[PDB]
Each structure stands twice: as C-alpha cells, then as structure tokens.
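Some chains have been omitted; the remaining ones sit where they do in the full complex.
A and B are the chain letters, set down in written order, and residue numbers restart from 1 in every chain.
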Amino acid sequence: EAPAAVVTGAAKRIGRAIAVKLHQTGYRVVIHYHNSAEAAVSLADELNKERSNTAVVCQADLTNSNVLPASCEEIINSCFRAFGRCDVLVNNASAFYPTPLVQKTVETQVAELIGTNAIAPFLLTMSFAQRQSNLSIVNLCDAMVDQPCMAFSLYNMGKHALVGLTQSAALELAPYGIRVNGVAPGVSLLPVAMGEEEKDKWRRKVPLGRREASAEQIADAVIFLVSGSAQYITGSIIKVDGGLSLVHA
Amino acid sequence: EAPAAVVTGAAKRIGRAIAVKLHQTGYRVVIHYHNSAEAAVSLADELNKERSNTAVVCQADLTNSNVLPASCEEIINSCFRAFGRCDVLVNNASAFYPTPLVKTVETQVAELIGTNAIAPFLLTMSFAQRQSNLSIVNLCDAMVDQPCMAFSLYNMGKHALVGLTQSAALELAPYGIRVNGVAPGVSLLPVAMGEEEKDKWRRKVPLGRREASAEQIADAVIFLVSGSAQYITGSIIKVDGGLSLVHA
C-alpha cells in the first residue's frame, strides 16, 4: 500500500508545495490547517481528483495550551483513521511576527511562537513515535537562526528549540527506525504583507541568483530526506538558502 | 556607588557561587530562589554580615504561566527597590529531568521551557525596560549539540536560551547592554548521583578528569560582566574542560 504523511500548515505556500510533492511521490497526505479551511479543502480536492482517497484535511490550532497534546495526538490519529499508517511527519506550520524586548499579551505571543515552532513539533513527534519501511520526520527550520532579524526573539528562540528537538529526537528515535532531520530555508516565499521594494531588498542579498527559493525548491529537500536516498541521514539540517547565511553584514 | 546584580536560582550550587563572587567583586545582590528559602536567607545573612545592606532575597516560581511576566518584572523591581539600580542579570535557575518521547507533559513544558528559556526572556525584557556597564549572562550548556538521551525538553530550552542570547545581544546593543553566555560541561554533579556514576562523568573530561567547581563557572561570569569584556556581546564561553570536543 501507499505510505502516508502528515504535513502541518499545508494549505498554502511551502507546506502546500510539500504536500503536493509528497503526493506526486506516491504518499497519501493529511493536510493540516488552522484558519485556511477553503485552501485546505481545495488542495485535498485537487489531490483526490488525481487519485481518490489519497488526501484528507485536519484542522487544529498549534498554539501551546493544556489541550495542545490532545490536538497533536488527534492530528496523528487522523492519519491512522484515514490511511491506516503514518510514515512521515513534516513540521511546517509556524507563526512569525516581532516581539520587541523594549516598548496580544506576551504570554499569548509565547504560546503562539514557541507553541507552533517548537512545542507542537515536540508533541507531534511524541504522538508519531508512540503510534508506531522508512519512517521519518522533517522539521522546517531557519538558516538565519544565528543571524536573526532584530525584534524577533521569541520566533528565533522557537526555531533554535526546533534544532534541539531535531537533534534530541534523532538520537532517541533512531532505535525505533525513525530518522529526524531538518530543512532550513533562507528566504523563500516572501511575506504577503511585505511591500515590493522590501521584497527586492531581500532578493538582492542572495548570492545564488539574487532571488528567493521557490516553495518547490524547499519541498525538493524534504522529498530527499524522506527518501531511501537518505536512509543513513538523521539529525542533519540541510540549508536551502542560496548562500544567504554565508553573507556578512 | 556600588552596582547591583540579580542572580536567579542563587540559593545553592552554581548560582550561590556566582552571587558570592559578584558580592566579593563589589556588587549588591538579589538572591532569587524558588523552594530553597532557608539557604537563600542564610546566604543573604552571610553577605550582609560581610557588608550591611548588600543582599536581599526574592522568591519566585519561574515555571511558565499567565503570571510569569509579572513575577519576572517583580524580580527586577526588587533590585531597583533595594539598591536603586540593576546593572547585571544572571539567568542561572534551571529545571533538569528526563522527558522521554516514548506531571503532565504540559507541566513539564512549562517547567523546563519556562525556567530555561521563557523566564530568561521575560527577565531580559524587564531588565532592559527599566534602563555604566550593563550586561546579562545566561547559563547555557556546552553539551547542547550532543544531548543526553530522553532530555528533549531540557535540550530544547537550552537551545532556545542560545537563541535569546544572540537575539538579545543584537537588539540591546544600541542601549549599551551586552548579552553573553557561560556554558558548563559538567560542573557540580547531581547530589543523588552515586560516586561510581560521578566518576564515569569525571573520567570523560580531558582537562584533569574532574568536573568544574561552581567557582570556576562563576569566574567566567565575573569576566563577562567586567570592564575586560566591554566589546564582548553575543558570545557563549564554554567552561567544560574540553568535554564537548570528545567523540563517542
């Protein structure tokens, strides 16, 4: 039978491209979404038009709270309910906004930024492992974590914690045959709210091509990590950043 | 006038040695503690016997919760109320216990990610908002990239603290606040640990086959807050006897 993957935040942008490319590869997919119901449903319909019964949606808020463990367990359970197995988890969903140190509550910001970027990946990892071929987890990291944007402390803290998770889970889950790796974009699809002049400023920084990564280029690295061509790779984080992280101030 | 410092988890072990050394250097100290009230008060009394009105205690749980921002604002405020200034913040307090992937898990998240990362972040916000050689020192972990098995939430917290160190160094540089870390390998070993297990850790350390004293950790904190470190920000100094360089 066909393997099955969960992709978080899969309705739009990079998560959509990952879900598409996994499906093209032969996976059945759970399209997790939070607010983007119409886009999630439209994607599942597109994938099911290609092969019936190969895509479902699953709604969840991945903000940290006392029920986040239950929500994460339910996302994994939704893959077993639909497809009878769960071979790949892709932790893609992520909040991003500034949290300046000097002048939503700050605890809501902690819950959203650390919850989506770190705690939900951790809880999803627990539930993936507990509910258990070529099993693997891919975490969407950030190649610029050590040269961060000013005023983004909580986002940066969350992405650093996700590197720690990737490493710790690779070590702990290797005996169960589950590999755990990361893909670290530099700039890929730019923020919807960002003006054209600012987008071009970011583009001009990238050595390879002076352009952002497509979503498909990011997804290409995810497909490699889940493939049989990566069977001895665990704990690794692949930068897909066009050289951006090597550029000095 | 004498500068003042806040040290979190200062009643015992490394945080106690840091508070002692800061005091010996000339700082007035806030000794934060959670459960260890008798040891925090005994330290305060020792330091005030050495020089009157130079130490106070401040109790707080640094577990993450809806009240943690207020608690961290109150720790910093305690230094201003006692001493009229707050020049140094040492984020030392830390929960450490296994969280296997295969207390509720959300309590473990609150304790391990709150003490190791969120409380340092909120303390950093409160310190900066209240603002000469100002600096913050974060107690990191030199083994964060070769972590102990089954310690994912602790490791996640310590990685998040590296990110805070860097992000806060960059954002607080314009205000003249330096932000750095000290990363022990093994220093004071857990008190429950049998000597046979302690000796196994000691044997791994290239430099002397022995754990760091708390005082050796504190010496790196004293350097980073001193005028000999005035250009250092965003740096994490390993104090690990070469342990992180040892392969499996």
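The working rule: contacts are C-beta pairs under 8 Å (C-beta built on N, C-alpha and C of every residue); 3 or more make two chains touch, one makes a residue touch a chain.
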Subunit number of the complete homomer, 2 shown here: 4
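In the analysis below, only the chains that are shown with their structure count from here on.
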Inter-centroid spacing, chain B versus chain A (mean Cα positions, whole Å): 32
Contact set on chain B toward chain A in their complex: 64-66, 68-69, 100-102, 104-106, 109, 113, 117-118, 121-122, 124-125, 128-129, 144-145, 147, 149-153, 155-164, 166-168, 170-172, 175
